[PDB]
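Asker: Read off the chains here:
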Amino acid sequence: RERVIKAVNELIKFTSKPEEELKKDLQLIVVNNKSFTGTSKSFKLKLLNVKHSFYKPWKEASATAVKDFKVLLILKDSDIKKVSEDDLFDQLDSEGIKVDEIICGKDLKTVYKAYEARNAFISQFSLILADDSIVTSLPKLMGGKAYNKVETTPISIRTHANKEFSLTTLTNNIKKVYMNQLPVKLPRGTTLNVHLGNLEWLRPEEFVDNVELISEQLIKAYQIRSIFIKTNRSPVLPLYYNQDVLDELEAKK
Amino acid sequence: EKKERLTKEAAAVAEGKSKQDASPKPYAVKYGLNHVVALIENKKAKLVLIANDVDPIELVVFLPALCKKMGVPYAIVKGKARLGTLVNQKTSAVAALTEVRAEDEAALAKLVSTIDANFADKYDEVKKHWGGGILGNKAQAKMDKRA
Amino acid sequence: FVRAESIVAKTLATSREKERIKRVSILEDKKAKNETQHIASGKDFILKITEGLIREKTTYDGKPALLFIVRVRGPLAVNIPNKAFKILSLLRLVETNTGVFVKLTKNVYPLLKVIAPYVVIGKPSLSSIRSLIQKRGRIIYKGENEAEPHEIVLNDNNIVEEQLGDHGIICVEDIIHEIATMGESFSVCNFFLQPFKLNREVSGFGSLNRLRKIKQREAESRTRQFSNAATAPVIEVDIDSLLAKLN
Amino acid sequence: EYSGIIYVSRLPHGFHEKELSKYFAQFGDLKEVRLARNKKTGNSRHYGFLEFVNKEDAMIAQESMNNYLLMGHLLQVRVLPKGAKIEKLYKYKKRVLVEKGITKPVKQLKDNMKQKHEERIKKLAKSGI
RNA sequence: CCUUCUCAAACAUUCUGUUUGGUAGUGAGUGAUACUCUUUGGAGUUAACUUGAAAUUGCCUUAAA
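Chains as they are written, first to last, in the authors' numbering: chain K, 34 to 51, 71 to 305; chain G, 104 to 250; chain t, 55 to 105, 127 to 322; chain o, 88 to 216.
Calculated from the structure, these hints are not laboratory results.
Below, a list of computed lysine to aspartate or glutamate pairs in the EDC-like style, where the Cα atoms sit at most 20 Å apart:
#, chain 1, residue 1, chain 2, residue 2
1, K, 111, K, 71
2, o, 194, K, 299
3, t, 178, t, 259
4, o, 109, t, 59
5, o, 105, t, 59
6, o, 187, K, 299
Work out the full structure: start from the sequences and follow the hints.
Answerer: What follows is the structure, given as structure tokens:
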């Protein structure tokens, strides 16, 4: 953690040297391991835990920008007859956010075809959530151009309960996924970079005890051996080296 | 369908609400001759279809020129009963697409581009060339045996 | 002439069906090998539909049953693939508007699930079986002539007393019993029965018959749905009622 | 003058060399058909070439199907001048991956990483931080 | 001129809570620095930006006639 604070302070130094502007200061973390899942690709995103969500500052941080932070929900093609928008307006501002556009799965196959219009719709959006029963079908209705990004991907939420729709469940999970979780994918190869955010947003005095838990959780999952830090330009900082993982490369075969 | 939407608005005008604003916007073709000539020179028509067989031809003989003038995508179609089918008359003599739904914007754009490439360009000769100087059968065989 | 749109659409639909069969076959084989950790769903389902239509969904847990299959056509572009053509040509189910019996058991579930979008399945009553038996159903024979590439209608019960007397089967009511009870192996009986041939529902192209055709296609499109989901249950409509119009 | 070779573009999806040949052989007898494809996970690059025999089948095909509009991409097809001799676009296949390794005993790579730690440290030293 | 994989089980009660598993694409081009293996064979991943699905040659038959 002394290494954590010193590396973050020196990256602050690195950005304090006297589009591109918002781009050049995004903090990202790199992690690698032995080898990932062979000949297979994954599309599910795992939402790590956090104590200080970075989604919640992003509202007031992007309100004053041009990227125009917005939200999408994809419900099943049966609950747009049940869940109105004023219900969410009421139940959500009492917490601090709002879901804006409810797009039925049919509007992906009727009005948002013709990829020009599809992308013209998709770029407008920042936080995307998907019915758990349609997320399995969304790669055909939205295309890999959306998957090529970390935030445009559809994020599965447990809309269904035992039993039927019960928008109370949608509510009681959307909070857990806006102010309690943090999404990231799992690709092939070894390297994975996580978007922690910009040095305009939430502070290092919480980034420390945030990276602590992100480490403590991921370090046990995939037998990882290398964790570094950078911000969009900087040389890689060695913050982790475990040789007690490279031992099974000559034990697998 | 007219009487059914009238019954629905009849219900809603007093019970819940309607100022003829409970039912959504309607989208349909425009098929009157006076109406479509007045819809050009506005200008709102997006594609004009003109039947090619009107017996008093001088009714439509002037529409292509005004269309090219005001810059409207005209196209001349084979048959006026064919037009009347999509209007629920017997003959209609013109039809116009003025406003389309959301899902059909790409369809209408590609279609007007097709009409551009196939009608506007394939026919630069049409302005000249009086047509119809065709001989009969016996007269033709006569001239072709002579020369 | 060919009119390229047809050959393009046939290719597209055929690729869809190809990869759907690929999906369901690989999933079934991966369930069969029981390395079941990287899977999709645990058990299998069956979906019953009654008359804008009420539905159910329940596990199988076989417990075999006596199913009736009737061949249908479509959908509309699919150059039938090899693995489905094989199953149909084994069940003697070429030439649609025809009907076959089958002993539904636990191991046939990986076959009807492949062939789902080409047949219609049902568990009918005793009336349907008996009336089908005594109205249709044919037998191939041989005696005194007739080198027997040729069938007949089933007038006689002595023909049965001959060709099945080893199993004590006489008087085709006994065969009706064997079917409706899944009795003495059911298999010699089914391969005797010479799978049936039912008449179409609408024969037409007048003026009133195009209306019956339109209504039939619209009701079919409403009720019979094809999933392409690689996990879909098999659908059960009322064949007790279907055979009224198809018999 | 022109060749016997014809070139097509803006093809739709699912309209590959098989159906291209089957359809365009309705204008004569064709010599060869080639379509463009990708190197990894071969998918259609939406253009290709054909050539039958005669210098007139090409013009017949062009005059017939130059602005033809099938599934919603209107086609485009040109005749080529003398020669130009189609050369390329071999038909590929999806690139399945195979793990190349591991062969080297972990010890020399362990030394590699024990060096690379300070190598990174000097790289950031000169950067410098 | 077809039309898109739109829930599975378990452990639990707080009137819904938690763990698991399920997702291979429109092509083309622009483009910043970082890693993992392997001999030189360059493979797997990595901040994000453009386009009217845009384009020229990368070694079963009564769904008939």
